[PDB]
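J.: What follows is each chain in one-letter form.
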Amino acid sequence: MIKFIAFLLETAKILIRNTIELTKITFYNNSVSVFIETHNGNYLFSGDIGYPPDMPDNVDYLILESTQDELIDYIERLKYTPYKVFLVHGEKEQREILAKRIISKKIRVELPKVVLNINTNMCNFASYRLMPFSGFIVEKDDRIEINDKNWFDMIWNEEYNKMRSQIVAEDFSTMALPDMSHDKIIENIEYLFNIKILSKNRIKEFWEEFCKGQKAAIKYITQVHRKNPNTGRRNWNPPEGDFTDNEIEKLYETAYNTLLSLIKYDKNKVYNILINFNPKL
Amino acid sequence: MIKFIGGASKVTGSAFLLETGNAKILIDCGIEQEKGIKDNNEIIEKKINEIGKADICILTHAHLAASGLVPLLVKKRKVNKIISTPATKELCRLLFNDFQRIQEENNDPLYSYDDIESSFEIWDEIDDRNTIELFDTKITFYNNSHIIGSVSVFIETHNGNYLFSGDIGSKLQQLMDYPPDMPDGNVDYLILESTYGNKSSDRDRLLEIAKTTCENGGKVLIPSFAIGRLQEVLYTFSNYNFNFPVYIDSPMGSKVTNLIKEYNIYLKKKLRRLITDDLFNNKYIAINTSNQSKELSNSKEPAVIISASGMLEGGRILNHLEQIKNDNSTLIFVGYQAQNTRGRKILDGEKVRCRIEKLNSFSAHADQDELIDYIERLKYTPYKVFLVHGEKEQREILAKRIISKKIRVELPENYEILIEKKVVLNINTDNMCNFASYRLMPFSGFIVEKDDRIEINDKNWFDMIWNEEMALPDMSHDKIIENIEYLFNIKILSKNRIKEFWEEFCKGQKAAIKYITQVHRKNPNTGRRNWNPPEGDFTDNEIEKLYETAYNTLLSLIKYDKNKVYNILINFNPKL
Amino acid sequence: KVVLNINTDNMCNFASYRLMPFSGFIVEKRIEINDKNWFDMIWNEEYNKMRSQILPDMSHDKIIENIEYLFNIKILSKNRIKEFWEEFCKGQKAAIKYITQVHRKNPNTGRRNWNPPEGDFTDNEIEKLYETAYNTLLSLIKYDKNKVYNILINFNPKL
Amino acid sequence: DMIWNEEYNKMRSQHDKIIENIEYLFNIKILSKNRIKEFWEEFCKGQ
Amino acid sequence: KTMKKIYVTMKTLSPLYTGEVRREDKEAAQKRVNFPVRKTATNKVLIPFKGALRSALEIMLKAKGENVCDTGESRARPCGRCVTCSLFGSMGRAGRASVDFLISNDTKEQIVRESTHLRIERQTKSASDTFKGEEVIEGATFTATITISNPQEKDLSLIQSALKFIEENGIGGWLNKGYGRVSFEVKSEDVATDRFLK
Amino acid sequence: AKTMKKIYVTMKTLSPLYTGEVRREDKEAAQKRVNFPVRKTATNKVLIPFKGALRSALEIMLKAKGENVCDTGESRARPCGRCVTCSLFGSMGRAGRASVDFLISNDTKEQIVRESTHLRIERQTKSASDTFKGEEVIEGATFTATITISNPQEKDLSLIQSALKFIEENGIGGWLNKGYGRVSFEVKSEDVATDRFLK
Amino acid sequence: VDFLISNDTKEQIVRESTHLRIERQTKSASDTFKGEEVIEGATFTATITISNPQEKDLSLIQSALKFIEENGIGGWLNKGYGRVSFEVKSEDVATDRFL
RNA sequence: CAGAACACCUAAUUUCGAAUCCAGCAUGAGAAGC
RNA sequence: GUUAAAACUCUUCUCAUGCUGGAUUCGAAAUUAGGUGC
Ligand SMILES: [Zn+2]
Ligand SMILES: [Zn+2]
Ligand SMILES: [Zn+2]
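Protein chains in written order, with the deposited numbering: chain K, 1 to 5, 15 to 20, 23 to 27, 131 to 136, 139 to 147, 153 to 171, 180 to 186, 188 to 197, 376 to 420, 434 to 441, 443 to 496, 503 to 609; chain H, 1 to 37, 39 to 109, 111 to 201, 205 to 279, 281 to 333, 335 to 357, 359 to 423, 428 to 481, 503 to 609; chain I, 434 to 462, 465 to 489, 505 to 609; chain L, 475 to 488, 510 to 542; chain J, 3 to 200; chain D, 2 to 200; chain E, 101 to 199.
Incorrect hints may appear among the rest.
List time: in silico BS3-like cross-link candidates among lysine-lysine, alpha-carbon distance up to 30 Å [as the list claims (entries may be wrong)]:
hint	chain 1	residue 1	chain 2	residue 2
1	I	540	D	13
2	I	547	K	471
3	K	547	I	595
4	K	484	L	484
5	J	189	D	13
6	K	387	H	76
7	K	387	K	400
8	H	532	J	28
9	H	76	H	201
10	H	76	J	28
11	K	471	H	76
12	I	462	K	462
Over the 10 Å line for every Cβ pair with chain E, so calculated as not near, a few chain D residues [to be verified]:
hint	residue
13	3
14	26
15	46
16	121
17	131
These are calculated hints, taken from the structure and not from any lab test.
All C-beta atoms in this analysis are idealised placements derived from N, C-alpha and C, irrespective of residue type, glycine included.
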């Protein structure tokens, strides 16, 4: 792959009739040109032209220069015509005027992170083929890809969902909940902690949603206790034990009533309640 | 990357496995025959197992030499999808059924009939000039003038643009277009198949000999192949008036000849206009059962027997050729006659009493100068031409001439640049922000697909460039919407009709023209169109004007692009 | 200076600070603060420029009451409310097309693509419930994204 | 994220036998140097 | 626990047409037959048994008059509280009876034939339409089982009543044209769920 | 410890096979075309869960035999850790000795998954009320799995084989009641050494 | 031992899912829970650099990689998750190649 | 340059391809060497 | 030219375990192998 600047060639990293073998390099006379061979290429840096030069033996790439007939004579008389010629070291209009004639001899020219099209229509307007498109250039850490407003729509909707489900109405901000003494709160939360309805994750989640206000805790305990119309399933962990079906419901009701009664207790008081159960917070 | 799986003489396996980065592309999953030998099939299966799971099997034409191992590649479950042209698909329906039929008569089996229908379930079809985007590769077909439905495959991968030529047709082809259609763009690699014969339109000579023999008191038996060749010699009898009659005594050859006349849109442009006028005229008289075959063989008033068993090996050309071999008559060998065939012994005298004349004009493949001319039409000189099939000999002399044109050759027995179809961004990159931990930038511009390079250029570039710078009917877009709504309300155009027409339009424009012509074809023996009859109190003149309105409305919608057709048809049928 | 171009309804109260979760586009125009609508209109304006060069009204409380009632008879399930959130979020023409799609009585079958009501209702009234569902879900499209989300997360939380 | 943390914190404002035994447990690593340091830290803190 | 095996055998008495449902099997048979028969990839003919049995039981039990819902109206939700909901399923519990498909014991070549049907004009008495279909021949034998996971007492007699309704009325398609009249032979056994545990 | 059981399980399909698509994006991509997509890979292959079917099979049959097996199928039910299925498939404390893979198909969707049409016949007029298209796996499709038991006792072969026979009875996944999912299994079992890969 | 860094991002390889818990007797979904997974065919890179190498570090690391292929990597290894395949390009390095 | 085996006429067409439930729990938050 | 200057908070430890996208729903609704000839 040639990188234009002089002429750099990245295979060995050389930069431009006996044979020196470094990448078989061999200098033919221009009347001087160099023919380099590598597994991916048979490149020819010709230099300038003067009339009967010494063209190499297959010149896969022919990197020549001119500023007109002699350039094309040298473009012929070379066995196994090159894949792509390169028109360097000259004025641009004269390079294009020569290049039209290398196209007329059916030989391709090129006048001097990977980027991926994730696009999808075509138009044949003017000499070149095209498709009008407005889009986005993402610059991932090893790719640069092109997208359209459908992808921006999908990440915009993901951002909207992630930012809506992140701030509640009156959390950490400043009544009619049940009431029950501290001793029955002790007995109930001990009993509902041995069997697993009130477990350390649930006490911790009660602690965060109580620190975010009383109403956040009321909302959390209601949506934990809310029985579904369809499945008939509450978001408690099932008690471990025989409990057949009705004291299951009375036991979830006990968990509901005990947490809701603990809500109006003082924040330090519910802290001294909970750390006997969940030592963390 | 390309592998030539048995690409020397196509006996006991032949395939071209393009190994691109995402797909295991297969070209021409086909088999030849050696006309007699059992372990052959084991070498075929070994090759087939060695192929591996091919993501797409692509058939350049429909001969068994190109499509003969396809249902075996479904039996081993190595094929994913089978893409071809529609005429190719029905031709290999008849050819796979006949292949298995002979295996049953040979007392065999390489594959079975379940493998045949299981091949035709996964068989997608596209016509000429229909680029489809499969697995990093844009694949297009282009006509190569060989037989009906024959194409050359154009595969643009990011590692290069390949053009599997298939068989290129000769200049003596009348049913097809003579100039073999080609990619407009690049061809980095061209996989070319060499010739078999030598370089001269005898043509008229056929009508000469068949004249002199029929006036002499003798019928003319013309052995021929059942794919193209029988239709070639029937078309030369259809052009010039031959006063004695012609008769096809070939059941498969006749239903292939019918298959020519529903698929007349895939034939030569001068014959695509053939109006409720048949192309072979009504000159051909077809033998249907074996009893007309026996009666015609016994019948002795001179007449062309123009039929297809191939090479005098089995079929109804046989039942004619027995008494003709006992006869003033002649045999006209308009095809090549292979080794170990009984008709080669008839063509080498080892003795048919009636006159032996072979004719070399009726050849299916092209010439050496035509493969040269095929090469020079190209927009760019190819990097490498992989001559693959042919006799070894003429592969060497063609190879020498194409080395003289100074383009490179890889023979298969004698078989490394990288061509990255690079994508590059020519827009400012510095002004980018973050929204969802993505370094993004809105930009509006123009992608320009230039040969060997897809570029993304700004409005400034387009300013620089622009500042520097079938016979379908036609009707307006609102007329199209009104007529489809009116025919939909009266139930002529249906949701199954619009769905099927959408499938033939995504198939390609000429297949959709064939579909609407086949539906609107009034059968002369009955008087029935395949259109859905309307609901209401319309009389026969109005029912005929509404059928013609449906014909001229689904034509002239075909002329529009794909997006326009989908946007029209998605209102009437919400599902495609 | 800087101009916000957004109506400041749907402002919650985080502690002693009023607060809005919001997504937008800084425009160095008057340093304007513009919503997504702006981007969609200007995208389509540049699409037309590039290619060129080559609802009934219902009250809010009636919307809650009707969506409540249609939720209890399971005409409006949470699958419907979720897909209506997808088609409203994508845009408004998509939501119009989706709601017309689910409400279109197919001429060959006579069937609407809604969910049937739970309970005994006469076929005329079941149809009127369907027409009511068309009227509310179409009337919902006239509102912004914020009130549509706040309306339908009481019925499908996750929508 | 700041305000969420700072409102959270704000709410979060509110004799030879022992020698032989310790010599045994030092070798099988049950009591360890960190354990000695933190147990002595608890003792230096109080009882 | 126990589970009940109902080994069900069908012999075809009038040509049986059930339709092909696979799209790839059906639009690749459209060049040959306008009505393909439902087949396996092993090329044996498949019949859907469950819906016929459940339709049979809804029709007969609704005529007798018990509380049985209909699972046949537009988007008809099952109730969960009936004999049909217990046996064949609902939106809560699944179906206690797993009803296997009816696969023919012979492959397609022996039992599927390719027939020609017509529409005759009533006035001219001539052939007006012509279409080709596929039918299962008479005497073809199809085998299924029906497994009942939690077996109740009435369940065998209930399944056999539905199997008498399917004998009289038919299974498959083209039912009013005479297509699909069958005969059932049933061998039943009660097996324990721990049978494969050696 | 020093040995480990490898159970190569080859499953053939007899009736049509359905297992529903679990990935959201793949499912919603397919609901523009089919209403019940087959659970498929991104390498275009059919993925079927296999551990839970074996655990459910062994749970039902051991419960019917009379063994002290917990029911992990109940909603948020904790496995006790002392059942046979807890030693095989897993408990809360320790993982399962048996590490069952998915039943990866030996072919690739476009050869085994077909789009099918199912209906809802209205029972009195015999017409079609609902029509839905679902993907299914053809019969004779081959699936492969491996069950790797880390610490084998003697019963871990026969229990797995018995559960496989129960999966031949009730079906592996999807619409087991309509007759889908009826499969057969072939078992190739070997006891490998754990230190096999160390050269 | 470096972390296994994928070459793709979340929208290309991470898919959400629907995992279930089915009641053994009723054959109904008792529980539903969503869980992300990385797709099949997704490829990852990691560079293991060994200072002071012996003879047998290569053999032990490849043997560990066949064991990881057999067992799986990540979580839910009993349900069939995380079964992968490894390719290894080994190279000897003089430590001063940055100088 | 590859398949090849008493009579006609037909072998098409149209609908639907959706609807619904659930998306929860539970454990562990320590050591040790320098 | 700073009580300077010198000394990496380093090593060891896989978010793992438990849980099957399951359940509800028949490709069937329409169409005479008919017309010709002892
Ligand atoms: Zn050919
Ligand atoms: Zn019920
Ligand atoms: Zn257990």
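J.: Take the hints in turn and mark each one as holding or not.
T.: Now the hints, each set against the structure:
Of the supplied pair hints, the one linking residue 540 of chain I and residue 13 of chain D is violated, its CA atoms being roughly 44 Å apart against a limit of 30 Å. A hinted pair counts as satisfied when its Cα atoms are at most 30 Å apart, and residue 547 of chain I with residue 471 of chain K qualifies at roughly 20 Å. Note on residue 547 of chain K and residue 595 of chain I: the hinted pairing holds, with a Cα-Cα distance of about 24 Å set against a maximum of 30 Å. A C-alpha spacing of about 26 Å is found between residue 484 of chain K and residue 484 of chain L, which places the hinted pair at or below 30 Å, so the restraint holds.
Distance hint between residue 189 of chain J and residue 13 of chain D is fulfilled; the C-alpha atoms sit about 27 Å from each other, no more than 30 Å. Of the supplied pair hints, the one linking residue 387 of chain K and residue 76 of chain H is violated, its CA atoms being roughly 47 Å apart against a limit of 30 Å. A distance of roughly 28 Å separates the Cα atoms of residue 387 of chain K and residue 400 of chain K; the hinted pair therefore holds under the 30 Å criterion. With a C-alpha separation of about 15 Å, the suggested pair residue 532 of chain H and residue 28 of chain J falls inside the 30 Å cut-off, and the hint holds.
The straight-line distance between the Cα atoms of residue 76 of chain H and residue 201 of chain H is roughly 41 Å, outside the 30 Å bound, and the hint therefore fails. At most 30 Å may separate the alpha-carbon atoms for a hinted pair to count; residue 76 of chain H and residue 28 of chain J meet this at roughly 20 Å. Taking the CA atoms of residue 471 of chain K and residue 76 of chain H, the gap is about 45 Å. The hint is violated against a cut of 30 Å. Restraint check for residue 462 of chain I and residue 462 of chain K: the C-alpha separation of about 29 Å stays at or below 30 Å, so the hint holds.
The Cβ of residue 3 of chain D lies farther than 10 Å from every Cβ of chain E, with a closest approach of about 14 Å, so its non-interface assignment holds. Non-interface status of residue 26 of chain D relative to chain E is broken: a Cβ of that chain comes within 10 Å, the nearest being about 6 Å off. Remark: the non-interface label on residue 46 of chain D conflicts with the geometry, its nearest Cβ contact in chain E lying 7 Å away (cut-off 10 Å). The non-interface label for residue 121 of chain D is consistent with chain E: the shortest C-beta to C-beta separation is roughly 20 Å, beyond 10 Å.
The Cβ of residue 131 of chain D sits about 21 Å from the closest Cβ of chain E, beyond the 10 Å cut-off, so the non-interface label holds.
Figure legend: structure checked against the earlier numbered hints; hints not met, in rising order: 1, 6, 9, 11, 14 and 15.
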